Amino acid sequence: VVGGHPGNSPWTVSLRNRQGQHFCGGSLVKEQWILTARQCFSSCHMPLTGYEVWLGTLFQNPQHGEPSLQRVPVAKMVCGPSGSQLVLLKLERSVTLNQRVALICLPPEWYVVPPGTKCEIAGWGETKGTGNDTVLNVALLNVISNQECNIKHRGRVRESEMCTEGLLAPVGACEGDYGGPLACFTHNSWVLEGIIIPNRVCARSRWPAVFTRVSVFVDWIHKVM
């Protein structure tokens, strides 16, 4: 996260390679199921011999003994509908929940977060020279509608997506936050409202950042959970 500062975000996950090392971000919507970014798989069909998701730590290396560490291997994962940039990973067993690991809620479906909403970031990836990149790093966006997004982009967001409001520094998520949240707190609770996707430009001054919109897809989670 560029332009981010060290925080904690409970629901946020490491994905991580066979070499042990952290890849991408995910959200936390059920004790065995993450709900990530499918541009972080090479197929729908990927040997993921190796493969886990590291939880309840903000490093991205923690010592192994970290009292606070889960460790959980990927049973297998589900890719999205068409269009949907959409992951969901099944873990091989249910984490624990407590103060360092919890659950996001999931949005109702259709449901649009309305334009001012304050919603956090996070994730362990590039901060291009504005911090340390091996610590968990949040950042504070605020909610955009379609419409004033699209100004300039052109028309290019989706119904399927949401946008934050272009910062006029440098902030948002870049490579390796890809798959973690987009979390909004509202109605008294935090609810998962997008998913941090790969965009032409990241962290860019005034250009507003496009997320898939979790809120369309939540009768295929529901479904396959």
Contents of the next structure:
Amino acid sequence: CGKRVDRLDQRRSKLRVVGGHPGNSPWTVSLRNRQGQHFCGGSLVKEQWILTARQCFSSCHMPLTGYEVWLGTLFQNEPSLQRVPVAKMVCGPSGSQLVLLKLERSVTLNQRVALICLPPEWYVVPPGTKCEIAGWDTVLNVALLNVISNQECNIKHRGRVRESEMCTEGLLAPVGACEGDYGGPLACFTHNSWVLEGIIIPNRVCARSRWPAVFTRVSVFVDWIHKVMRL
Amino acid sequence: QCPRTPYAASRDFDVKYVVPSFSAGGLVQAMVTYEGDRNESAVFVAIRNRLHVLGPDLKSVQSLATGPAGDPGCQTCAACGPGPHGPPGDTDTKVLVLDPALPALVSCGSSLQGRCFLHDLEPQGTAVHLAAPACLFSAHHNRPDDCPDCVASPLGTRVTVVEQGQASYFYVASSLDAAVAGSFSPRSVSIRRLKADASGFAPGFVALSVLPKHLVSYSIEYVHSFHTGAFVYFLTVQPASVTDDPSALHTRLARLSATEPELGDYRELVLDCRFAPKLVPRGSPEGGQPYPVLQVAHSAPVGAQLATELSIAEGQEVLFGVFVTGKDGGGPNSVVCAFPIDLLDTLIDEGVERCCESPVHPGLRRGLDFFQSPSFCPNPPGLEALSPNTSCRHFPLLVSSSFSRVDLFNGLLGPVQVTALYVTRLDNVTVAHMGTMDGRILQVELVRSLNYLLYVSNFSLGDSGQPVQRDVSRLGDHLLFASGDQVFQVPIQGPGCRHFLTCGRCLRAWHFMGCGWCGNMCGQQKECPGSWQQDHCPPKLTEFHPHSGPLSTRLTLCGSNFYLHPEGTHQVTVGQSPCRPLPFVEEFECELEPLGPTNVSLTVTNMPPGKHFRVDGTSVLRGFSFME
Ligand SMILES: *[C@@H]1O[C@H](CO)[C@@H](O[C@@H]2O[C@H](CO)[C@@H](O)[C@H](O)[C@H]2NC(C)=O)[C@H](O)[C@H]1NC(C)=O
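Let's see the other form, the form deposited with its partner chain bound, since the form deposited without its partner chain is already up.
Complete assembly follows, chain above in first position.
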């Protein structure tokens, strides 16, 4: 899992931190609505499974048949691509804001399609650690983020960051994971490997200079996640 | 012998109290109140085309124009941006709801396709300003066959706002007809995330809408809605069937999860309160006479003495519902009766089960025909087998077993319709703060009362005698009631103590009222703190039985304040000269002795505490002759 040499920058684009920029994120995906347009983004957790956020969807039981995933690309409008439909959905437990997704057929990996390492159960991310966040102009835009404690961010978030969450410190640039970018992953590099520690969820105020950003904590619900696939 | 004094003749509810208020400008259309962190607070009071922000003393600090549409004044309309913004007309305020998490206040009226409006709250030292509005209607996402941002119906709507995760969810119910559902519809039921960029409401969401055929007859009112436990609940008033008479209303309770944005669990329960007057009137089917139309309701936690009744535990939430008769009957006008929450659920759970399991009572009804398609349990709407790809429990349903109760007040309320309720929990006891149509406030304990109501207060709100508005709100220890073009602030512990006309009732008052007896009147300490005392109280002699004896004689003294909670041990009686104590009203027997048309005096001294208050003193009656 969770290894790119690919984007020659993995530990070299920690220079262009102050700002949001274009770049590569292979594990990030793009959930495609019944009509055709992109509506939310995902995270390749296995060849069959796409972990993403509950808010992307209205109801956990709406017919999916038609809803599709688009792994392979950068752009959101060329056979450097894949197009796998969604067969079903599995609504994570009350408060996870999580949604796994079985695909009509297991995907094939390469340079710009790759799995990401799920973390240990309940493993907490140290402040200071470096994580990244892709998003959608017409192209992907990775951006590198500093991790901060639930102590630190509950100050600015006015004591409202529950135990099953995390925050990154605010980019000084007016840029951050907001509308249509939810469900996209929040990969963190540890022991020489990128590891899915969060999921872009709605924030109160988003892409706001010097303001934190909250994500739902994945390690907090992985025992659920494995159980969902294993069987 | 012995007469009887009616438990009134102590209450005098004709005494008027002035109690601070706030002139509107016109008839009040809604209100809602803030109680922020830094002990900050406001009171927001709407009218036709204006919005009134009030301080914590009903003083209008900021007012703001909410209409008319198509007219260069109303800020809300102008904040929608470069026009046109129409059609033109008056903006009547159907929603006034605040989102505690931002914080922010909402306001949605019957102009402008029912769009809402946000008002980031701007603090002050125990005061709050509303920073300029921000139109909740995205240009490029909305359309006449799909307007996600259409929250407000002109036909009355309710909204409960809920925090899930890190964004705010809007559970939403609206009445609809042809002229509403036709196009740019608000849609009966829906759950909607508010977009973090204030531009409005995320599109998509599944929502429910009374189907095209039944837009005309089957109109649903939405009387009240709330959040408690892990559920948004929605309180209704609608026809009992799709094919039965459209004039056959009946209240239901519709539920949805408070953590799970989907209508897949749209449960609906039929509430059903009735009057039970011993005799049982003519056209009624035993049990009681049905009051099937709810006129207001309020959920709240209950006291010790009420939990016991109702068979529940102190603290538990209990919906309360103020039911009136079908149409306008002829009996009492209003019946209030408690539904506890847990038990509304536990019915609906066993409501669910019986509809979805191995053996299924063949000939049940998932129902709600008016919303979705008919279909027999367990299989979903229209379809005739339950294909295992989907479930049963992930479809909307109507729990057939209704929920039945009996008025908490055995019809004592009486003839003047109750219009507004706010139940609180003043210390260990509990109290209902009723408002009437004849323009009056009824603060009355909420114990299942058999023969009379335990009055705290009954008095007229101001002078213009007008019905008290349904939606009643609260600040610290001060409820807000509304009637006509005015808003009144009633203290939770009832304004005065000057209706209790007797040291009797007066010192039986439930502590919090502050009631003490100041000699020849009752009242708080303020009103006479030279002689205000809350402990002792003197016996009142009313009459006696043998009114002229010979020079033995079994006198029976008849009065009040004779007993402890009989008494005996020690009380003097001087019926012209010695007698002798020998073992509503409180009677007694006194064998007397010779002398060696006089009065008849009784005197209690060195007497132990009563539960509420202590008996000591003398009262003297005339009219007892001597015979030889
Ligand atoms: C609250 O008190 C008022 C004051 O009397 C009541 O209004 C009267 O109602 C009686 C019957 O209850 C009528 O016959 C009177 O003529 C009414 N007159 C006036 C001037 O009010 C009202 O009934 C009381 N309500 C409660 C719950 O006690």
